[PDB]
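In what follows, a structure is listed as C-alpha cells, so that the remarks can point back to it.
Not every chain of the complex is shown here; the ones you see sit where they belong.
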Amino acid sequence: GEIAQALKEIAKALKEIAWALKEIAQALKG
Amino acid sequence: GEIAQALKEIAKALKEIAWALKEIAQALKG
Amino acid sequence: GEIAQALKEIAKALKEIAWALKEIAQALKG
Amino acid sequence: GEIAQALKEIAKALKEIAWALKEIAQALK
C-alpha cells in the first residue's frame, strides 16, 4: 500500500543517513 | 494520498540530512 | 488533513536539521 | 486530534535537535 511504501522510503533514507555517518567516521580516521 | 505524500516529504528531508552529513565528512577531509 | 499537516511539520523540522548540519560543516571549514 | 498533536510534539523535539546542532556549530566557532 501507499502508506507502507512511503514508510519504506523513510527507512531507506535513514540507511543513507547511516552511510553518510560512516563516511564521517572514515574522515576522522584519515 | 495526502498522508502518503506527507511521508514521502519526510523521506526527502531525510535525504537532505544525509547530504548535509556528507558535507561534514568533506569538511573533515579538507 | 491535520495528520498530513503534522507530518509536513515534521518534514520541515527535518530540513532545519539538515541546514544546521551544514552550519556544522561550515564551522569545520573555517 | 491526539495523534496529530503527538506528531506536533515530534516536530517540536526535532526543532530542539536542530538548535542543539547549531550549538555544536557555535562551539566549533
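Letters A, B, C and D mark the chains in the order given here, with residues in each chain numbered from 1 onward.
Following the convention adopted for this analysis, a residue touches a chain if its C-beta (ideal position, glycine included) is under 8 Å from a C-beta of that chain, and two chains touch if they have at least 3 such contacts.
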item: Complete complex - number of sequence copies, 4 represented; value: 7
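Please note the rule applied: only the chains that are shown with their structure count from here on.
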item: C-alpha-based rotation, chain B on chain C, 0 to 180 degrees, nearest 5; value: 50
item: Whole-Å gap separating chain A and chain B, where each centre is the average of the chain's CA atoms; value: 9
item: Separation of mean Cα positions, chain C and chain A [Å, integer]; value: 15
item: Junction residues of chain B - those touching two or more other chains; value: 3, 5, 7, 10, 12, 14, 17, 19, 21, 24, 26, 28
item: Complete list of chain pairs which touch one another; value: A-B, B-C, C-D
item: Footprint of chain B on chain A - complex, ascending; value: 2-3, 5-7, 9-10, 12-14, 16-17, 19-21, 23-24, 26-28, 30
item: Of chain D, residues touching chain C in the complex; value: 1, 3-5, 7-8, 10-12, 14-15, 17-19, 21-22, 24-26, 28-29
